[PDB]
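Asker: Hey, can you work out the whole structure from these sequences and the hints?
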Amino acid sequence: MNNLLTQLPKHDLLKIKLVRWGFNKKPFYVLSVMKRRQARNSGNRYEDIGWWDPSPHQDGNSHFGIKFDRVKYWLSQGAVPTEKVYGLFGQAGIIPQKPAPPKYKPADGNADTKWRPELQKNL
Amino acid sequence: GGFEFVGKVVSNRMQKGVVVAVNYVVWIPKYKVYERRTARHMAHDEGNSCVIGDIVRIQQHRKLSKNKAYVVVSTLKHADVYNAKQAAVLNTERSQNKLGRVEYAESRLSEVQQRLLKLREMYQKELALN
Amino acid sequence: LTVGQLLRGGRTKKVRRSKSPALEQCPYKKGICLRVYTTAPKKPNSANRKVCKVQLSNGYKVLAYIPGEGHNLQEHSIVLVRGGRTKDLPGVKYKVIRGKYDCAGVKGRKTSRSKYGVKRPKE
RNA sequence: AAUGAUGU
RNA sequence: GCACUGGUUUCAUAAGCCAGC
RNA sequence: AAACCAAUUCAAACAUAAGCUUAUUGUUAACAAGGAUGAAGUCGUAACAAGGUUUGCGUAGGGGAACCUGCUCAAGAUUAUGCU
RNA sequence: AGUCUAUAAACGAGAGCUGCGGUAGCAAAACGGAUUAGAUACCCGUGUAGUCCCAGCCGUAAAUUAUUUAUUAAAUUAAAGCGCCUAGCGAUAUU
RNA sequence: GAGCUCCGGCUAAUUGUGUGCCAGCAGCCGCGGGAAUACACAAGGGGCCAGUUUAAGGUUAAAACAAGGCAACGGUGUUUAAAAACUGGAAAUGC
RNA sequence: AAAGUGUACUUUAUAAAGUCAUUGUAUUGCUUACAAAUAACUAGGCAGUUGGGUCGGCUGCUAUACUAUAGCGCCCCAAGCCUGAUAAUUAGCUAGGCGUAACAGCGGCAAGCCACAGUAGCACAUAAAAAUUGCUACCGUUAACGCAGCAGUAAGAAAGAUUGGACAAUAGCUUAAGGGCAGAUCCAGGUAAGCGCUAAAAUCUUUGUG
RNA sequence: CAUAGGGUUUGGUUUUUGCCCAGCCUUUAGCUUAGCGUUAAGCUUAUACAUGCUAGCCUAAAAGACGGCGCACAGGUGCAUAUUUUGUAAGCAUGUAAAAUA
Ligand SMILES: [K+]
Ligand SMILES: [K+]
Ligand SMILES: [K+]
Ligand SMILES: [K+]
Ligand SMILES: [K+]
Ligand SMILES: [K+]
Ligand SMILES: [K+]
Ligand SMILES: [K+]
Ligand SMILES: [Mg+2]
Ligand SMILES: [Mg+2]
Ligand SMILES: [Mg+2]
Ligand SMILES: [Mg+2]
Ligand SMILES: [Mg+2]
Ligand SMILES: [Mg+2]
Ligand SMILES: [Mg+2]
Ligand SMILES: [Mg+2]
Ligand SMILES: [Mg+2]
Ligand SMILES: [Mg+2]
Ligand SMILES: [Mg+2]
Ligand SMILES: [Mg+2]
Ligand SMILES: [Mg+2]
Ligand SMILES: [Mg+2]
Ligand SMILES: [Mg+2]
Ligand SMILES: [Mg+2]
Ligand SMILES: [Mg+2]
Ligand SMILES: [Mg+2]
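Residue numbers (this note's numbering), protein chains in the order written: chain A, 1 to 123; chain B, 1 to 130; chain C, 1 to 123.
Among these hints, one or two may not hold up.
Said to hold, decoys possible - Dumping the calculated DSS-like pairs for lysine-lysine here, alpha-carbon to alpha-carbon at most 27 Å:
1) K30(B) <-> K13(C)
2) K119(C) <-> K32(B)
3) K68(B) <-> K8(B)
4) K32(B) <-> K13(C)
5) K30(B) <-> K14(C)
As the list claims (entries may be wrong) - Using C-beta positions, here's what the derived DEER-type ranges look like:
6) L13(A) <-> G4(C): 57 to 63 Å
7) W27(B) <-> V15(C): 46 to 52 Å
8) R17(C) <-> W27(B): 31 to 37 Å
9) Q60(B) <-> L5(A): 46 to 52 Å
10) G4(C) <-> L127(B): 44 to 50 Å
11) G4(C) <-> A79(B): 28 to 34 Å
12) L6(C) <-> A79(B): 33 to 39 Å
13) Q60(B) <-> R37(A): 34 to 40 Å
14) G47(B) <-> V15(C): 57 to 63 Å
15) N67(B) <-> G4(C): 28 to 34 Å
16) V15(C) <-> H63(A): 47 to 53 Å
Hints were generated in silico from the structure; no laboratory data involved. Idealized CB from N, CA, C, for every residue including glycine.
Answerer: Here it is in structure tokens:
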């Protein structure tokens, strides 16, 4: 059914992206090689390369799986990771960490409650 | 599929053209049988001398016209063509002379014996090669 | 059949008709009453059964049986019709749902109130 | 020597 | 005259019969 | 510049949306027929026994109705007194 | 040099139709005499088409047992190629 | 604990009162004509359960390729027969 | 090409860089075969129709292959081509999915491909593109508009949810001064698929007191 | 991980054919209904639509788009389409061609 694409794009870029596969307030991500301009959860892919569980477990750590050999192959071909994927690769030691620009905007004071009306009802 | 076919010539009425018939089977999952079907293909004939009834081999080729996308490569069997002049000669030979009951039977026996002897020699050679 | 006969459309799937063709494959249908009267059953039964002639919203006209003891249906009354055949009445293949727009429930009913559109007495 | 009401 | 009601009859009914109106 | 590119202008050709016709699609109709069904109307008695003229098929004619008669055919007709 | 037949064609009782010739016997229809509650039937007396010959039309029957191979007294057993049936009831439907 | 439905047989679950082929019930066979476990109500009991019981669709309860009939009814009037499918056969002449 | 180049643009007592313009070994591809619902109370269909020859089929700038999709178009020439064809009815296709021991049957969910945006004909738009781009005619309301984008309203129907919050996360557009945009998306509201738990107190749970 | 039947046609029996019921899956209607967390979902009209919103950002030849990049991505529906499509397989010439290194 979901045959992987073989021909490379001619007018767009390839990227390594995170695909949301969680539940209500229980995120879970899968890393795949997809065309830059598509739907987030589109079935068009070249390969699935890893997974990530951002929440802590009883051991206090987050868990991350990746294909070491295939990550190098797609990086060589020209696939461009997103900002978050760069962070995962940097910490995992696959490639050097990417520096971030300086920030001046006053950070948001309501980040975990601004978008959740249920909490605001109690507030 | 459809790269090569072997079929019979059913039409030579076109200029450097021919139509060839092909047989094939299709699997019917519900009844567990193979169904025999037929198709017609038009091919390019450079020689322009094909005869209806020949067995020929056609091969995939670049499109040449609306309904012609094949080329004739070789002929496996040539169709028989009646020739009045040759038939008349045979009739004259048959009517030239007649033999009796015994003479005809003896001649038939001798001819079979000679054919059998040659066949035995060929078979022995084949065994020697083996 | 032979193999040749089976290949040439030998077998044809059996077709079965519906029991309430006037419903057009719908669970219910709305209509308006044209005439209200009584009819006598076939042998060996004997009674004066209440029936009404209803024109459905799709334009069809059918005979509907009124269950229960007593009714307030008159001409030009909106009713809801379902499937169901009365065996002793010839030609009646539909029934009127009681308790809906115009039809009311049987007064004094205590058992099987749901099938006759009677609410539970609070007192 | 025409006829043999209905239901069970 | 019919009609209508009641009786008669029967396991019950129809019909028949009878009376009233 | 006689070349190319971006414009304005008139003329000719091309096909075409649109447009016209169209059987007969559906609605609808005085009236004359058919079929199905319905506790207890009427005339006859055609079939089931040898059913009281054996039954039936094809075709033709006739009769209030079932049915009747001619011609060939079918059995789906069970048919008990030899010889000299 | 075969089996079977999608499709196509030919042959085809009796009755019936058109023309020509013939018409004894038999006999639809028809007309009388009886039987019977009635007899519009059965029975009796007359009796025309028809039955017959030649040339055309019609193509219908309760117009035989499905066809073929092997085995077989039959049968039975296993195969090859077809046609038809899918509760009954109900059209002079349309084409 | 709280509702919906059912208690003649298929199908787990009965007594009383009222009605008297009336009122009504009904998926099928069927109940009601003065002695109704089948109608209406009361009590008792069965099933499921924040659900429960009708109505309407898909599929199953072998429609038959595995796997049905022409022996209840169906093989057609007969023969000839260059498609298709299957597949070797015992013919012609003379007094 | 995650590249090179510039008499070009911007920032610097701190300088690395980016922005704009331009550049690729032939400079963005066509063709054929098989399968897939009913249907003969649809039997004939086709005349550019089947085949052959010249010419045309543009957007240049390696060399040959004797011109290297095509009745795709004009002119000419030869009569061929199809025949369960032609004409009709119905349906978006694949597949997850539901029943069944299976074979078969039917078509709610995630995703892929195709078609369309009131109807029809056209221009751009080739190669990845027209809901929110144009021209013309027509239909319906009132020179304008067409919600099959989210929410919402009216009618129809047995039966179709709020005129909600936020860009905090994921993906996307723009930007070297680290920002801006977003009814995709993430959360909340509403509707008895389904799954889990509560609807009673107990030495104030000896996982205690001290 | 592997195939279940029962009722019915009123002289009896055997036999053939039809009809009805028990399962699972999916929507409405009657009666009834406390709360919290969460999975999968919005199944009839390509019927007509008031109002708000869904694609903009950046720069500048004199403080301004006329210029650059996007709208070729997302989101909606299944009118039309029996094959124009969908699902698959196959085909498409050359040592990439030049130059005394005499
Ligand atoms: K009642
Ligand atoms: K005859
Ligand atoms: K006969
Ligand atoms: K049968
Ligand atoms: K016959
Ligand atoms: K269109
Ligand atoms: K709809
Ligand atoms: K640019
Ligand atoms: Mg009840
Ligand atoms: Mg009488
Ligand atoms: Mg008599
Ligand atoms: Mg008699
Ligand atoms: Mg008799
Ligand atoms: Mg005979
Ligand atoms: Mg019991
Ligand atoms: Mg019961
Ligand atoms: Mg009761
Ligand atoms: Mg459609
Ligand atoms: Mg349009
Ligand atoms: Mg787009
Ligand atoms: Mg609209
Ligand atoms: Mg909307
Ligand atoms: Mg971002
Ligand atoms: Mg409900
Ligand atoms: Mg099951
Ligand atoms: Mg830029």
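Asker: Now, for every hint given, state plainly whether the structure supports it.
Answerer: Against the structure, the hints come out as follows:
1. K30(B) <-> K13(C): Within the cut-off at roughly 14 Å; holds.
2. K119(C) <-> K32(B): 61 Å, violated
3. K68(B) <-> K8(B): 16 Å, holds
4. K32(B) <-> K13(C): Cα-Cα ~19 Å, so holds.
5. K30(B) <-> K14(C): 17 Å, holds
6. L13(A) <-> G4(C): 57 to 63 Å: 60 Å, holds
7. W27(B) <-> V15(C): 46 to 52 Å: 29 Å, violated
8. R17(C) <-> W27(B): 31 to 37 Å: About 36 Å separates the Cβ atoms of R17(C) and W27(B), which means 31 to 37 Å holds.
9. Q60(B) <-> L5(A): 46 to 52 Å: 28 Å, violated
10. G4(C) <-> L127(B): 44 to 50 Å: 47 Å, holds
11. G4(C) <-> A79(B): 28 to 34 Å: This hint holds: roughly 31 Å between Cβ atoms.
12. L6(C) <-> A79(B): 33 to 39 Å: Holds, at about 37 Å.
13. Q60(B) <-> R37(A): 34 to 40 Å: 39 Å, holds
14. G47(B) <-> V15(C): 57 to 63 Å: 59 Å, holds
15. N67(B) <-> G4(C): 28 to 34 Å: Holds, at about 31 Å.
16. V15(C) <-> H63(A): 47 to 53 Å: Since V15(C) and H63(A) have Cβ atoms about 59 Å apart, the given range 47 to 53 Å is violated.
Of the numbered hints stated above, those contradicted by the structure are hints 2, 7, 9 and 16, listed in ascending order.
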